[PDB]
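Heads up, the chain below is alone and in the form deposited in one PDB entry; it's given as C-alpha cells.
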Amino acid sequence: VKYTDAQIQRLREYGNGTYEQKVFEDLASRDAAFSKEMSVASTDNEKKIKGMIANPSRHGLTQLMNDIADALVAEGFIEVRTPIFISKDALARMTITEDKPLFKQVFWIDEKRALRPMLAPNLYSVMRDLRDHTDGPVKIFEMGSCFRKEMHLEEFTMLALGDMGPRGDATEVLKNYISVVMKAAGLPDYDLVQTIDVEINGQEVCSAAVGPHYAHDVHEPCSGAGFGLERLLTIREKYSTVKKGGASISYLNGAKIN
C-alpha cells in the first residue's frame, strides 16, 4: 500500500520530501513510516525557521529575480516596470475578449480596468515606444505579479522578456534567451515543446513565441517569452507544493511559520 491521500496532504503541510512514491507491505508499516516522516518533517521545518531568524537572507523569490535580471542585463536587456492595472481595451487587443477562456479569469477593478493576467500587453507597448527612439533592436524584460481566478496561484510572478526589431534567425535567438534565463535560474536541464513551451519533467514553466503580431498594418519583427517564477523556484528547491516559495503569510522560503 501507499500513503493515503490524506496522509500525503498532511506530510506536505510541513514537509518537502517526495512522499507519493513510497510503497509499503501492510497498513502497520505504512502507519509507522508515516508517523516517522511526519515527525521528521515537522522538526526539520522548525529548525529551518529558526535558521532564517538567526541568519536572515534575501527572500528566495527576490533572489531568483535578481539572479535572472542580472543575466538579462548582461545580455543587453533593459529592465522595465509597468502597472498592475490594465484597461479592458488593452485586454481586448490581446484578443482577450468576452468569449476567451482567459477573460473569465480576469479580476476586474471597475468597469474599464483589471488586474493584469499577463505582462505582454504592457511590455509590447513599452517596446514599441522605445523602438521609436532608436534604429536598433530593443530588448526588455519585466518581473512582477499577475493575477488570475483559479501548480496554480491566483497571484503569481511572471518574468516576461521581449525582443523587437531587426533580428536574424529569430527562433534560435529566442531559444538562446531561454537558455540564459534557465541557466541563470539554476535549471539548466529542460525540454522544449510545441510557439515554444519549456517543460521540466512534463511541467510547463514557460511559453514563448516568435512574431505575435496579434492595431498597425505593418509590424516590427518581435519575439517574447513568459516564465512562471514560483514554478521555477518550486522545482529547483524541490518544494512539495507551489505555495511555499512565493508570497504568503503561512510559508516563508519553503517553511511553514504557523
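For the two forms, the rigid core is made up of the largest set of C-alpha atoms that agree within 1.5 Å on superposition. Residue numbers count along the first chain shown, from 1. What changes on going to the form deposited in another entry:
- The one residue among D26, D70, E204, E46 whose Cα position changes by 2 Å or more between the two forms, with the core held fixed by superposition, is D26.
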Second form
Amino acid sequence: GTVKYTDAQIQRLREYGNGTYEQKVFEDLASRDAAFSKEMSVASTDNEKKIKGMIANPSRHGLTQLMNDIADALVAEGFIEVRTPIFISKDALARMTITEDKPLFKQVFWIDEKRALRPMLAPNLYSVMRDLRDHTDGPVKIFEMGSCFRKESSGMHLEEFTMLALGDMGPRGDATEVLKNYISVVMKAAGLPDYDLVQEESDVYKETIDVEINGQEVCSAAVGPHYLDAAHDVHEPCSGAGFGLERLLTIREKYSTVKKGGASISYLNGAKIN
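Mind pulling up the form deposited in another entry next to the form deposited in one PDB entry we just looked at?
A lone chain is what you will see next.
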C-alpha cells in the first residue's frame, strides 16, 4: 500500500529503536497501527538488552573509541594532535569572514561582548599552524578533536557536536591529492571505507570537497581559498578538513538519530537509559 508510519510514530519508534522505520508501507491505518504496536515492543526489548550488556561489560565510550582510532591513525602519519580553547574571539570569527551579516554568525553562542563558543575548529588551528611554520621548513600537519557549538533547528544537527579538524600547510605534493589521501586515512580508520567525494558551495570557503555517505554530509574539506589563508598570514598551499564525529558514528553503528552516540544524559552508546 501507500500508508506509512506517521511522523509521530516514527519519532516514537526511533526513541528506543535503531531500525529503519521510514521505509515501511501498509495497506491501511489498522495495519499500520498494529505494526507500530509490535515494533515499539521490539524496540524497547532490544534497547534493554543493550543496556544490560554495557553494565555487564564496562567499556570506553563509543565516541571516545572512535576519536582514539582516528587519532592514532593520524599520529602514525605524522600529524601533531593539538587541543585548543573552546572560547574564541569575535575578531577570530571575523577573520573567518563570519561577521554580523553572515548566516553562521546568527548560530554563534556568545559568552560576552567579545568572546564566543567556537562553532568550528579552524580559527584556532589556523593560529597554531601558522606559529608552527615558524619552527620548520617542512609540512605542518595538525589535528584536533573537540566540541563545537551552533544554534540549530534537527536532522543530523546537534547544538554541541564533536569536530575532527585537520590542517596541512606546505604539503609535499599537490594539495588536493594530499587532502584526498588524508580523508582516506580518516575514513578507513573510522571504519567507513565507502564514501563519495562531492564538490559543494560554501559561504566561507567558496567551494568545498564534501564527504557524503548515501547523500549525507559527514565532512567538508577545502584547499584555501587564498583570501582566507592570507587573512591568517598563510602564504603557501594549505588545506584542511572538518569531520562530524557523531555523524560518522551514527552512520557506522546504524543509529536511527544523531543524538544517541555522543554526549547525552538520555543515551549511552546507542541505547536510551531513561
